[PDB]
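The data below hold one chain only, encoded as structure tokens and taken in the form solved without ligand UV3.
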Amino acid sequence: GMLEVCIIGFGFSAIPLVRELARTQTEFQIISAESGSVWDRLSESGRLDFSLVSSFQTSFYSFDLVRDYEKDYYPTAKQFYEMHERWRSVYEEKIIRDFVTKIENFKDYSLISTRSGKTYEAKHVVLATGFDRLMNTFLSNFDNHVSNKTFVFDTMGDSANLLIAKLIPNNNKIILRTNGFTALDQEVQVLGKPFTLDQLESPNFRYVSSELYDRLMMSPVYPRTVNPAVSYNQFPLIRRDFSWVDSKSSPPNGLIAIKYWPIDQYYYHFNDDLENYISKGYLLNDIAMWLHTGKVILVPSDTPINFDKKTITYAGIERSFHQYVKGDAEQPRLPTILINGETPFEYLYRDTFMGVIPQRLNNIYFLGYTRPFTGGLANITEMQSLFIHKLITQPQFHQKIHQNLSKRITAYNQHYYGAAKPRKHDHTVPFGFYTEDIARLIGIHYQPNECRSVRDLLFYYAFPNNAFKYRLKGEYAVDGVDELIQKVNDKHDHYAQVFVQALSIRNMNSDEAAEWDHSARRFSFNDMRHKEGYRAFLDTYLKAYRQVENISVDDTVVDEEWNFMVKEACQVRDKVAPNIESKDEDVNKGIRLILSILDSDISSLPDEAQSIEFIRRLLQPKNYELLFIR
């Protein structure tokens, strides 16, 4: 009569697993802290006044999307929290409010200790406890009445970018003292229509060849184009050292990106009702517009600073600042876990299988410790939830995965990390590799060889690998996913543009593909040609923000020392930007060809002529093997 499952921590990550355990009537208990999460801190202090950096389709679960999806949008922080609270309310009767202090792991059960002193025995234990993040305080607590101060950031990430969005409108000057950072427009115009960047990744093209996929994806990350319109050419300090990368899989696991509103897309969405959109949490966070306008400056990583005087020395200027912001040492909130009830478990992402199954522990699973490169967490945690549910409820599956666990882990690490040493961001994966890897392990994947029509090929290769893609049919089918996929296909032209992109670069080398990617009137990422024209909009924006936030600040004060630092900062840009002056034309022809053979039988396509041949060979991709599954 021992408890079959104990889930520790209930916020967001645990929802889909609890839903599947309920469906199979598997006995479970949830234990979760009375104190809740950062989302409760932000709710309590009235600071749910921002929006997600991820699309609806990747940030909410399949069983919500089938009801509530009518169009792409970026949810607000308020909507995200409201959804956590709705699901909390569904499962509250299954939640014990307490805090787990210790887990003793035995051969086929665990002893869970709590701060109350109550103990629990459970055959299977799932940890969904999230992360402690140092920067959460800056969001939950730090003040909006600071003005004309200098901030120094040693780190750039989504949390820094959100703080910078809130600081800039109070004429706070931002110095970024960095080893580089990857920033990407969260939204792109494709023939007039907005696509979130997660929709453009067509990840199953990795199976055609890693080199094809690499030149399709990596030109905005690695400094491959000489095009003077690209932020990494106007502001070379943004470039990172990627010498650590030792994998043929691109983008590599361990690559992080900050996702941001470019001001042109911000204007297209919000220009009509600006004050009301800002009050909902749609905040302009265009880092490239900040670099362009000098409201942010980059300085070298080894730039000298004096923590005692609160001074940084740049442009022969000893420069004084109100705050230095170090940046996150973000790590899982794990209680002490005792192996054989004796030896403390040591957590390392790479030593777990798919970030879920730790070694040396029996029937313990980790849920929510894998971070998506792009898109929302929902895609990751939905698929992790199905994997965990199958391991808990199907001993045949549990035995299959565990029998060769150490060899699977080795084969995964070889494929994705190679000989690179563990890094603090190992837990970050391309979402469309991870979801597909789990789907193949579970057996709810699609087979490329079973596509019959060109349409079927578009769905396999070009429809994004969102978790709901794998819940149309088979073991984990969700009612309404058919109608969801239809709605999404109908609105994005079946992802024909994405498909044609790969068709267009199949013969190119990586340098040719990089130039082609940037030959558009507006390329997807970091296009500095689409900033100057929005300066008037920016002033309308700052006024609307100030008005929403009851701020007064006069834009007359002149920080001549800043100007000199900005001028020193923006010197490569003042050389390169005057040098300014195929993708659009090629895409147009490609989409015409594809939409016209949509319902054509693939296997029977005849021997633009050579693009049909390549299309036919997509039935037999030569790079399909994943040795951690086989």
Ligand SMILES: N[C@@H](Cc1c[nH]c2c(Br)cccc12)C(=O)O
Contents of the next structure:
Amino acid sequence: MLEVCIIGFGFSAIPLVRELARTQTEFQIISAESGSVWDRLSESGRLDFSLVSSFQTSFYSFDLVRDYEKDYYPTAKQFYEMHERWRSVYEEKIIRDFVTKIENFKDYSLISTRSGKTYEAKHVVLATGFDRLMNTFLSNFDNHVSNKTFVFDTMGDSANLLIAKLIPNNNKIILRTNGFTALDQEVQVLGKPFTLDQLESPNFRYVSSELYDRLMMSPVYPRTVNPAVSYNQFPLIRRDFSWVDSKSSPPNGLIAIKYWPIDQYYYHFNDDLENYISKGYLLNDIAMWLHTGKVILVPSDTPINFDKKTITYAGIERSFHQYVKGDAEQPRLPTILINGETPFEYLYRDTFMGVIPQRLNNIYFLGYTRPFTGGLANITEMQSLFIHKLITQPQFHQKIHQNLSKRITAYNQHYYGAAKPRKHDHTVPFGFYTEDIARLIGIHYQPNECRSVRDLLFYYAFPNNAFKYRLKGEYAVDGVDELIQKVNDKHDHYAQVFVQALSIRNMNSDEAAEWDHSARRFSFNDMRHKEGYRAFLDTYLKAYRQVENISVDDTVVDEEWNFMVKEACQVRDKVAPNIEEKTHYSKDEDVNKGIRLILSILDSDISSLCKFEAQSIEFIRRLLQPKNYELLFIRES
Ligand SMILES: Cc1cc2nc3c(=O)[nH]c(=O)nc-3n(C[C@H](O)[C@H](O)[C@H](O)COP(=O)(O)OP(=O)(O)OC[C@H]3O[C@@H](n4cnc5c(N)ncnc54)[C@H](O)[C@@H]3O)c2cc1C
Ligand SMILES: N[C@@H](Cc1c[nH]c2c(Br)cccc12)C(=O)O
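Right, the form solved without ligand UV3 is done; let's see the coordinates for the form solved in complex with ligand UV3.
All chains and molecules follow, beginning with the one already shown.
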């Protein structure tokens, strides 16, 4: 009988197949001939976009140890070509067929296929991905539509990509919204560019959930009164977060869109716009679209006449060309019968770590946990080590399953509280998930074992990418030592994000919210750095039309649209005049000061250590024994 059957091979299954081949575990893959969305987008020539996730979090450790030389955002073409390169390695192990039913029993599972062939396996892994209706909308989208009005009822990464393609052709975008969370995918720290995944320092949650809440949540929750932040200029971008009932922040279930801020897009791509646009690097600054009025937010109750294709706002019956409603992604799961009898019903919170459904036996889910920020690779690489250890080591399989129900209950209370299950429950902060899996597997690090300040920087400030836990130990990948060294040298050993915790150690949430936005350019949604890129935007729109071979008449002025923009931007026109020039930027001066201190005692032992320095050395000493380190779902009962 087959030891392992993997149903679905695209991207999530790659790191698991690598570990099974290394231990020479008997496995077989069954994946359909149709392929994935990247296959459909390749055949139609629609891989002309880039990832919302950084290279260091979007490619696997065993690829990064060879190819990493700098931080950047890969293209969809590079992402798919990596999918194809690995499929070529493992094509001999893939049966091209479609699984239609799985009958799960106490020790094995009976797998049925579309061709009629039957397979038995002791361990079954599902890595089939998700179905999304927006995928087909992207696959049939005509990029030549011009001078039309579009109404979106949902905002997301796919809607933002569609808007990025609609803006340059003089298309007007109406968002009937109940709010959305948008974050600059790259920010500046003292002028230097940082992708947002670099500044999350998740292990500071072990100090206190309140400190880490003040570290992260001011750009999400309306905590600052600073008139330069987008959620003060456009209050309809605010979401209702009354569902949050956990003390772990950012909460599980929170989703955000990652976009190019126009100032960072200009920094990277201005000197070769047409080539970068053709490569897939598209300006998608939703904050810039609201600033210029190319996108307006209207209340969700704004009346739409779907018969006449009109939307009534600002006393205007605005005709629209197309209405866009996003869907909810659902896992591509085949029919699964518990004990061969009872249909299994998927529920993320009824699985352990998104991997182990407790209603089934020896069935594992790979690729259904979504990262809040960064690429899926961080999640699926850690999931693949977790699944591999469960499959190949019976004492670990036993240790996890003996109290599986209690682990799931303890996990849900920690990350969801008393909140009822939501459709977005599968979204987790990547630095929390990778660390949780590392502690479950035993490839984690110990904060009490740091001896120098450099050790505390690596533990707390170095991002919890998958490869961070593959330097030594059971699942070490060769070359990670050089990779971690290269990453440390290019990011000043992450002292800058370490210093942020130093700077807000004695602040309350309101003081930290104001300190976050006291910078000349605060990380996310800074509306002071948009107007200065208006002329560049015109250059961008022209470069886009040349790449796409489009002729767009942008002379006819839409006085009706300008009237709706004025109605929609009343709050902006009231709060933006209150933006005041300042002589000191507290965050910049505090972070620059702390970096000087940290880099001066970088190699000193913590035991071998006039006031800011004194409270910082005390803060550094307390880091050896964090008081919020307990994670109940890690324990065996
Ligand atoms: C438009 C879009 C943009 C994205 N951008 C990013 C990004 O920037 N960064 C990021 O980290 N992630 C991104 N993702 C998510 C992720 O990278 C992709 O979803 C990727 O395909 C990984 O999914 P997967 O390998 O789990 O499943 P897939 O690769 O989608 O599918 C695995 C395979 O399983 C097969 N299969 C399914 N059901 C069966 C069955 N019953 N029997 C047999 N075979 C089956 C399918 O045919 C498919 O070929 C994006 C996703 C989409 C749709
Ligand atoms: N702590 C840094 C970066 C940061 C804050 N909040 C974030 C969220 Br939410 C997602 C990703 C990154 C960040 C800062 O304060 O600028």
